[PDB]
Structure formats: structure tokens, C-alpha cells
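Before any questions on how it binds or moves, here is one chain, the form deposited in one PDB entry, in C-alpha cells.
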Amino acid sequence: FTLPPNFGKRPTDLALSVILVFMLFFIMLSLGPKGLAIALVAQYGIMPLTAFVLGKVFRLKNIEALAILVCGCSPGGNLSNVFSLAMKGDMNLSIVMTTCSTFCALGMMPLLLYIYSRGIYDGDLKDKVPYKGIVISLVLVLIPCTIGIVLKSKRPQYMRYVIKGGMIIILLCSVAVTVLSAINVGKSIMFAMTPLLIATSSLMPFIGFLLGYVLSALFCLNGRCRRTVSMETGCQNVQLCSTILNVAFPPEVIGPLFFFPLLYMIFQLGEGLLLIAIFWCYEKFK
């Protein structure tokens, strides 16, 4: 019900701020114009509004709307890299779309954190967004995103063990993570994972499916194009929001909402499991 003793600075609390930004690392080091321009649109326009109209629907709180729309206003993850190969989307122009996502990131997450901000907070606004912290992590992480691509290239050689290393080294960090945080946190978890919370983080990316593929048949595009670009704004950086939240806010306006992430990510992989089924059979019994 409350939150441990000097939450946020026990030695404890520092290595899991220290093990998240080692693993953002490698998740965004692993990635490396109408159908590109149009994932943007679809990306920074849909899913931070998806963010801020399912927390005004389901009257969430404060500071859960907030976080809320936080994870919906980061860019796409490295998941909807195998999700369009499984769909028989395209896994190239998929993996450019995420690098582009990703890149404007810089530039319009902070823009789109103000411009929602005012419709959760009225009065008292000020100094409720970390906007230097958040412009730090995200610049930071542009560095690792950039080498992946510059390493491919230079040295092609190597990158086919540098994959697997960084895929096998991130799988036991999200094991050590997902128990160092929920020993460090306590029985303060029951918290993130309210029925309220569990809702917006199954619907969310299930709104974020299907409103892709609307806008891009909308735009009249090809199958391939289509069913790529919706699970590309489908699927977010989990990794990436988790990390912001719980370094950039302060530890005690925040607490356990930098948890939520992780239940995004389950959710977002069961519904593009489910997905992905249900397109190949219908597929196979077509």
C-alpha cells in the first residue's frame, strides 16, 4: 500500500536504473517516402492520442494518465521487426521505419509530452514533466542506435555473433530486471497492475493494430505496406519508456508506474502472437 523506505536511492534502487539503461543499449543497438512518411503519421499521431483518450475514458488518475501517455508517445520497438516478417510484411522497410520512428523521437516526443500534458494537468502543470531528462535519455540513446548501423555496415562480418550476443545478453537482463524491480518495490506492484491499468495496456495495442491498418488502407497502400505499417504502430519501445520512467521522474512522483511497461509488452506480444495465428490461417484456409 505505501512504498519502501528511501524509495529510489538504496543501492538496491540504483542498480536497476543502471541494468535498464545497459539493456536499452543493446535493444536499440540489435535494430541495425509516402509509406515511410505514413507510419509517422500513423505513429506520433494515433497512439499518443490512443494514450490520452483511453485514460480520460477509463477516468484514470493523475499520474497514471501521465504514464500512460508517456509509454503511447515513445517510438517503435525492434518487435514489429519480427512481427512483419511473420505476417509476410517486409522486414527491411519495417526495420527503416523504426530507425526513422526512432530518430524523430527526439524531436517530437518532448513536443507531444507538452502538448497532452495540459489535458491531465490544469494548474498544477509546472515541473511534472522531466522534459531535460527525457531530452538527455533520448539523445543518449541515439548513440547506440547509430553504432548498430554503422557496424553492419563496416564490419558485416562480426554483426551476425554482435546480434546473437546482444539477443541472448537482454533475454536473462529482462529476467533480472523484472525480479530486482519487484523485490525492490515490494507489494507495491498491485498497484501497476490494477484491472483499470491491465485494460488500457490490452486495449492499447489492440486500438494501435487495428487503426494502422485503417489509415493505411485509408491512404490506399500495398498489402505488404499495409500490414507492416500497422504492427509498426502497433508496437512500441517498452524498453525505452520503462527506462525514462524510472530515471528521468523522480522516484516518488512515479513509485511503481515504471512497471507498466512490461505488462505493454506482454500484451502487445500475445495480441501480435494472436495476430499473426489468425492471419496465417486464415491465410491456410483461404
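We call the rigid core the largest set of C-alpha positions that still match within 1.5 Å between the two forms. Numbering follows the first chain given and starts at 1. What changes on going to the form deposited in another entry:
Taking the core as reference between the two forms, the lone member of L196, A176, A86, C104 whose Cα moves by 2 Å or more is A176. With the core held fixed, the Cα of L24 is displaced between the two forms by 2 Å or more. After superposing the rigid core, the C-alpha of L113 moves by less than 2 Å between the two forms.
In the core-superposed comparison between the two forms, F206 has its Cα shifted by less than 2 Å.
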Contents of the next structure:
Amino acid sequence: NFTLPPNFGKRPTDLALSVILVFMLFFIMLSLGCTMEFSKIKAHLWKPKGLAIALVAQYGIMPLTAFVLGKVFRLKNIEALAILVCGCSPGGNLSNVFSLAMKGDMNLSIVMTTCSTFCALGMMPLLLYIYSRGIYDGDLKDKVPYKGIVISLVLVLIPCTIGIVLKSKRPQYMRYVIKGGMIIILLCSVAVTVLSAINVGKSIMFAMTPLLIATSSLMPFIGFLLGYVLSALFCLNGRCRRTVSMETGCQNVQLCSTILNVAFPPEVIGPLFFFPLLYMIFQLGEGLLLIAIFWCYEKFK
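Could I see the form deposited in another entry next, after the form deposited in one PDB entry?
Only a single chain is listed, so you will not see partners or other molecules.
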């Protein structure tokens, strides 16, 4: 009894949103390119101590948390499979923003996200095959976008490199560039919120089951907490710990949405078409809440 509004995915508003998101990505990456340095990235890649910790934390906490949340809340097979697919996904590129708002080591946020989206090529089908047994009796190894992952990695690294060279060579226009980036990001965010609201309409009221909301709100917080705790167990300096926490918590959500749609028909998925959106709107909320808490603490310290 769940059906999306007619002609979903092809109306002009959805095209407007899908074009606005690309400008979001380009200008966010260009702005973040004004913080990183090539020499420090080379140092962080030639002395891998926080990078391995980030990889271990992400790929040993997020999939296991997804599996445990599926087995504890007594979810359906399709819901548990969606959660598990949304767990093994790479770190994504919101971790860079959340580690910028918390005074992290930006150069390492780029090593962990590029390396953990290139290790994803190998470790996403492996973890899916290891964990999906007893849930799905099928092949999910040929539906992972390998070529898409590589192309996305290169296309995401391009604007960051542009920003890095701009900072290194011509710092005269850096202030204007960063101000324009911030204002464009703000405008495109105000655009995205209202455009997504109009696009979704009343069809989201069918995708707010208490189990779905509870799991999609408990997964990112547990990711944050466990990433921070495990990074602190290895006595890191206080900034790498926050970067690791905010890279373990945040996930590349679009991969789950493009895998579920390829594997399953629109009627089997049902309300789970909106679960990636719930994950995004809860991880944004938790990131903002933690940023506010951190800044309130830093004021008093």
C-alpha cells in the first residue's frame, strides 16, 4: 500500500536537486582544498598509524553494528539486509566537513577517505558475503559499482587537488575563493533542503516505522562512540581521534541506494527507498549536535 508520487525521478525538481548536489560537492571539495598540504599528506601516507586505525575501526565496527542492530531489534530480512548494505559502504566525503568543524588533521581525513573508498573495492563484497549468510541466499557481488567507485574517487580528488595547488601557488585570491565557497555551499544547502522536502512530499510518512527510525538513529551514534573509544585506546593526540570518530560515524549512503535498486524490484524494497535519506538526516543532526557540544566544551576549557 506504499507508492511513490507519480513520475518520481524524472520531474524537473528532481533534476534540479541532482544538479545542485554536484555543485555542493565541487564547492565543498574546493573549499577543503584550502586546508590541506601535499607534504603532510605524503607524510601521513608514508607513516601509516592513524590510517590503519581508521580502516580497522570502520570495517570492524560499522558492519558488526549493523548486524547486531538487525539481530536485536528483530527486523525483517529486507530491512536487516538494507542496514547491512548501508554499513559496509565507504566512509564518504561528509567526514571531511565534520572533521573540519572539529579542528582535525585535514590531510589525514583525505588519506582515510581516499584509501577507505579504494579498499572498499575489495572489502565490500567480502564483508557482504561474510555477513549476509542466513539473511540473503543470493549474489550481491556483481551489483557493487566498482567502475563507479573508481570514477567517483578520481572526480572527487580533482577539485581538492585544484584547491591544494591554488593555496600553494597563488594565495592572493584564497580569501575570495573561500568566501565564495562558503556562500555557495550555504545557498545550495538551503536549496537542497526545500527541494528534497518538495520532492519527497507525503510519501515519507510510510517510511517512519519505529524500528527503522531507532536503527537509523542508533547506528551513527554507536559508530561515533566506538570509533572514538577505539582510537583513544591507541593513545592518539586528540585531533586524529576526532577525525577517526567522524569518519567511522559517517557513511557513503548512496551506494546502498544504488545497490538495493539494482538487486530488488520497487515492490520488494517498499519504504526502504527512503532509508538512505533517514540515515543522512540523522547523521547530519548528530554531527551538528556533537559539533555544538564540542564547541561549548572548548569555550569552557
